[PDB]
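A.B. asks: Residue strings, one per chain:
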Amino acid sequence: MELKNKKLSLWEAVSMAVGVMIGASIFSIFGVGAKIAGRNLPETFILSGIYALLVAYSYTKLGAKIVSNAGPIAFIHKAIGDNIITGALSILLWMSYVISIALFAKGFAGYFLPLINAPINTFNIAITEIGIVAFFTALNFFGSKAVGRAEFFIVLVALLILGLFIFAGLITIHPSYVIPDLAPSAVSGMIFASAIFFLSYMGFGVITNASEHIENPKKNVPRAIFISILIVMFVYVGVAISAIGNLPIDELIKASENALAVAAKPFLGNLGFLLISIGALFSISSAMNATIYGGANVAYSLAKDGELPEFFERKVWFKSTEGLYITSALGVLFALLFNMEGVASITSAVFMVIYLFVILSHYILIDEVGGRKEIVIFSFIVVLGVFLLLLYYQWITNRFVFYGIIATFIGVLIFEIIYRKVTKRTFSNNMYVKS
Amino acid sequence: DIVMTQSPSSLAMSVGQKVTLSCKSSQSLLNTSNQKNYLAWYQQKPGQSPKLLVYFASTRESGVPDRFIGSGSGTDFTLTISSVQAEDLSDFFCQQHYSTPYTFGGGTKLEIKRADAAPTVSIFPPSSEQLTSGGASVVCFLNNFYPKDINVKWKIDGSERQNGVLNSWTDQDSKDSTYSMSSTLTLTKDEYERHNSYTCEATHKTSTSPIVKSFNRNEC
Amino acid sequence: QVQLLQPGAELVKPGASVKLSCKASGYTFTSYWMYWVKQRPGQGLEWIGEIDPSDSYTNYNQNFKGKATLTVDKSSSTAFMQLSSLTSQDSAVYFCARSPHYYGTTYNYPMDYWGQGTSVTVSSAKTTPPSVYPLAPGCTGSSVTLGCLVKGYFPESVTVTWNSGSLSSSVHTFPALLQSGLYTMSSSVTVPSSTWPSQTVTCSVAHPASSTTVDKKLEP
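Chains as they are written, first to last, in PDB author numbering: chain C, 1 to 435; chain L, 1 to 220; chain H, 1 to 139, 143 to 223.
Chain C extracted, bound-state conformation:
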């Protein structure tokens, strides 16, 4: 008997990564972008995309030769073998989805409360935060597959709303409000925000952890990554220009929960405000459905077992059911211990260390996968610099959030050495070799 997985086409994989990227930036941290970057936000999204494309250079080179549902972990193991670092990075990869759920949790509430006229409490937000995570945990048992089939349709609808937001957003604008502020008292904020908005291009995760469930992976994994980054880059900027141009920046800081919902009111009314708020929840729900069922489930099973099943359903929690509750538990927890700006900082920090190890892997395997050494040196220094800029900012901005970021990297390394002593779990070439 030979089983076969249901496999994704190029555009299915693109829609998947685009949906996750959009849900994490357009409807999640756009209100954070107003407070820090301000009018430099459209320039921020470009600069953020630059780092991503540098990361993509290593991913697309490694993903062209190495096929695995392990993703980065596969590449990393091929370079540095099995050890405590490889295992920490696997748990770190799982944690990247965990904290992502916290970011999607906050975003969902930001657009939901103003829709039904509810005050912005620490408690009234928290009710939605626990609730929405509980809804997607319960979805595992009846609806996870059905929502996953709708994801492609939802992404398009969410895109079409944004596609009308630009075409009809470039009408009653303030071209004197979109002019890039060149004064270094607000320029450094653009570069500091680009360290946070690195997460805006988190498409690497969902794609690489589904690489064995994608048609012609050696070809379509690189392409999906490359196409995904270039699409959202145009979407971010085109919406960023419109949002700043139609609304005063001080009104955007106080509407940090819903940045675009209030932005639609002046030039589309409450009917246009209704269309944004509805299409927001749908976009964040489908992004989370993708993160839990396709990413978190895969990341957890690999971190726990040391390998992955050859044949599994992507759109359910296919193995180790306790992992679903644990992932959901920390998903709510992070959305409580930290704020909208707090969650985003951690998420971006986790990803950068994964990418840094991906770049380091590309360096080591450059004989096998190919590439230009001097570009493989360049992006490494860039990402590290951006990673340091995020730590530098957080230390001089938020004490409470700064230590939360530091604790993560230690707590992951502690858990690894402990877990490796208890279970003796090893990682092997099983991840990418066959048969």
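Hints listed in this document are in silico derivations from the structure and should not be mistaken for laboratory results. Just so you know, not all the hints are guaranteed correct.
As the list claims (entries may be wrong) - Heads up, simulated DSS-like pairs for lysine-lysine below, C-alpha to C-alpha not over 27 Å straight-line: (1) L:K189 with H:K220; (2) L:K51 with H:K23; (3) C:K434 with L:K51; (4) H:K74 with C:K304; (5) C:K424 with H:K220; (6) L:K213 with H:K220; (7) C:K304 with H:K23; (8) L:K36 with C:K145; (9) H:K154 with L:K189; (10) H:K74 with C:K421; (11) C:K4 with H:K23; (12) C:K434 with H:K219; (13) L:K45 with H:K220; (14) L:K189 with H:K19; (15) C:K434 with H:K23; (16) L:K213 with H:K219; (17) H:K154 with L:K155; (18) C:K4 with L:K51; (19) C:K6 with L:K36; (20) L:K153 with H:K126; (21) L:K213 with H:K154; (22) H:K13 with L:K51; (23) H:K74 with C:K4; (24) H:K126 with L:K189; (25) H:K19 with C:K424; (26) L:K155 with C:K4; (27) C:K7 with L:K36; (28) L:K148 with H:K23; (29) H:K74 with C:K424.
What the hints assert, rightly or not - Pairwise CB distance ranges (calculated): (30) C:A138 with H:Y57: 20 to 26 Å; (31) C:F123 with H:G66: 51 to 57 Å; (32) H:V12 with L:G74: 40 to 46 Å; (33) L:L30 with C:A168: 53 to 59 Å; (34) H:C139 with L:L11: 41 to 47 Å; (35) H:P223 with L:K24: 54 to 60 Å; (36) L:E129 with H:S183: 18 to 24 Å; (37) C:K6 with H:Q3: 54 to 60 Å; (38) C:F123 with H:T105: 36 to 42 Å; (39) H:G8 with L:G74: 40 to 46 Å.
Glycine residues also receive a C-beta, built at the ideal position from the N, C-alpha and C atoms.
Given chain C, work out where chains L and H should sit, using these hints.
C.D. replies: Coordinates of chains L and H only, in the frame set by chain C:
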């Protein structure tokens, strides 16, 4: 727990005939969502491990001959051999692969039917080196006969001996569809040496009177 | 390509335990279930239990919940079944068998690849080599039937080969029978009269358990 019942326990079919093997389950093996029947068929040849033939009631396993067709639904299932070939003699088992305590049917034993054949009978005196050790075995081979029902009568100097007699049948031959049997009479050296004529008699429905082979100890 | 390696036979004293091994190759060991199956001589098949070699999750047949324990070695792709407190009722052939595992789904699968099986004898009897006795006619015909008597050995089994294995077209192997804790089997061979005794005819009898190999030439 699902109980699997196969009918009959055994059947005989001749080369070229259509064989229909039946298997019933205690519970429906149909999953109404994603609508498949969780029934498998296996073939087990003598001495060998079982071989998967059909799974999910109707799909043949890779490498399995066209002759084998699984069908049926819910609680009733069939394995059809469109035209049996001599080498198809074996034990066929059904198995539900529905719910965790997996269970098999008691099997259906398939023997190949052929034209009746008389045994070739050979008799062998105690080894000229078994007895310098105190033991004496007299052996008759009844070779290449059909059907398998056969009686062996041992005679010591004209009269019947019943104890010390062991009969052992071969598995049906996969080419010519015949059976073979060995009859071994065991005595002590002293008991063997006291007597002269040792006869075995083969009674097979292929003859009204028995096939007789014999030797005298005081001859060769 | 895909195969499961089980040792041939095992002799163990009553009340003791035995650990049976199933080495897997040709596929990724952790991606499939490993099942174990029990078969008594001349009877059906019982599913003992399943192990998921990725996390060592186990599920047992109720009737084996104290007798059998399933473990794996991931690093060496080997599955083990521990059998405890062995009685004569545990004397059987034990198969390991692979089963597909499609994780987040409603499909269960049968066993697509099996090991050859390990036949476990539970007995206090000591391992003893066979006595090999020739079977030649003791007084003629178109062709001539010869034999080889293999007597008083433990445990099962032996292998009999004629003329280093080159003769097999007309060879009958008779299943072993048990007298007084000792096994006896018989092997027959039919050859044209112009070959024997003009040429050499020999039965090699190998008894693995006691590391025995005995050749015997056949003399008129």
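A.B. asks: Each of the hints needs a verdict: does it hold here or not?
C.D. replies: The hints, checked one at a time:
Restraint check: the Cα-Cα separation between L:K189 and H:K220 comes to about 23 Å, which is no more than 27 Å; the hinted pair holds. Straight-line distance between C-alpha atoms of L:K51 and H:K23 comes to about 19 Å, which keeps the hinted pair within the 27 Å bound. This hinted pair checks out: C:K434 and L:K51 have alpha carbons roughly 26 Å apart, not beyond 27 Å. At most 27 Å may separate the alpha-carbon atoms for a hinted pair to count; H:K74 and C:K304 meet this at roughly 14 Å.
Pair hint C:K424 plus H:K220 does not hold up; C-alpha atoms about 59 Å apart against a cutoff of 27 Å. Taken as a hint, the L:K213 and H:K220 pair is honoured in the structure, with Cα atoms around 24 Å apart against an allowance of 27 Å. At most 27 Å may separate the alpha-carbon atoms for a hinted pair to count; C:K304 and H:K23 meet this at roughly 24 Å. Note on L:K36 and C:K145: the hinted pairing holds, with a Cα-Cα distance of about 19 Å set against a maximum of 27 Å.
For the proposed pair H:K154 and L:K189, the alpha carbon gap of about 16 Å is at most 27 Å, so the pair holds. Simply put, H:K74 and C:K421 have alpha-carbon atoms about 16 Å apart, close enough for the 27 Å limit, and the pair holds. Restraint check for C:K4 and H:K23: the C-alpha separation of about 25 Å stays at or below 27 Å, so the hint holds. Distance hint between C:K434 and H:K219 is unfulfilled; the C-alpha atoms sit about 51 Å from each other, more than 27 Å.
Using a Cα cut-off of 27 Å, the hinted pair L:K45 and H:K220 is violated, with the two alpha carbons roughly 32 Å apart. Straight-line distance between C-alpha atoms of L:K189 and H:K19 comes to about 44 Å, which puts the hinted pair past the 27 Å bound. Restraint check: the Cα-Cα separation between C:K434 and H:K23 comes to about 18 Å, which is no more than 27 Å; the hinted pair holds. Distance check on the hinted pair: L:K213 and H:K219 sit about 25 Å apart at the alpha-carbon level, within 27 Å; holds.
Restraint check: the Cα-Cα separation between H:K154 and L:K155 comes to about 23 Å, which is no more than 27 Å; the hinted pair holds. Of the pairs offered as hints, the one joining C:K4 and L:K51 holds, with about 22 Å between alpha carbons and a cut-off of 27 Å not exceeded. For the suggested pair C:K6 and L:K36, the alpha carbons sit about 18 Å apart, so the restraint of at most 27 Å is met. Restraint check for L:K153 and H:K126: the C-alpha separation of about 34 Å exceeds 27 Å, so the hint is violated.
Straight-line distance between C-alpha atoms of L:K213 and H:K154 comes to about 23 Å, which keeps the hinted pair within the 27 Å bound. In summary, the hint linking H:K13 to L:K51 is not supported, as the alpha carbons are separated by about 32 Å, beyond the 27 Å threshold. Restraint check: the Cα-Cα separation between H:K74 and C:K4 comes to about 23 Å, which is no more than 27 Å; the hinted pair holds. For the proposed pair H:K126 and L:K189, the alpha carbon gap of about 25 Å is at most 27 Å, so the pair holds.
Using a Cα cut-off of 27 Å, the hinted pair H:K19 and C:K424 holds, with the two alpha carbons roughly 23 Å apart. A hinted pair counts as satisfied when its Cα atoms are at most 27 Å apart, and L:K155 with C:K4 does not qualify at roughly 67 Å. Restraint check: the Cα-Cα separation between C:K7 and L:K36 comes to about 22 Å, which is no more than 27 Å; the hinted pair holds. Annotation: proposed proximity of L:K148 to H:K23 is violated, straight-line Cα distance about 39 Å (limit 27 Å).
Our distance criterion of 27 Å between C-alpha atoms is met by H:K74 and C:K424, whose separation comes to about 11 Å. Between C:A138 and H:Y57 the beta carbons are some 24 Å apart, a value that agrees with the proposed interval 20 to 26 Å. Between C:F123 and H:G66 the beta carbons are some 54 Å apart, a value that agrees with the proposed interval 51 to 57 Å. Our hint of 40 to 46 Å for H:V12 and L:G74 holds, since their Cβ atoms are close to 44 Å apart.
The hint said 53 to 59 Å for the Cβ distance between L:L30 and C:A168, and at roughly 54 Å that hint holds. As the Cβ distance of H:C139 to L:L11 is approximately 44 Å, the hint placing it in 41 to 47 Å holds. Between H:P223 and L:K24 the Cβ separation comes to about 58 Å, which falls inside the hinted range of 54 to 60 Å. For the hinted restraint 18 to 24 Å between L:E129 and H:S183, the CB-CB distance of approximately 21 Å keeps it satisfied.
Restraint check, C:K6 to H:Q3: a C-beta distance of roughly 29 Å breaks the suggested window 54 to 60 Å. Here the CB-CB span from C:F123 to H:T105 is close to 40 Å, well matched to the stated 36 to 42 Å. Remark: the range hint 40 to 46 Å for H:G8 to L:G74 is upheld by a beta-carbon distance near 41 Å.
Hint compliance for this structure: hints 5, 12, 13, 14, 20, 22, 26, 28 and 37 are broken, all remaining hints hold.
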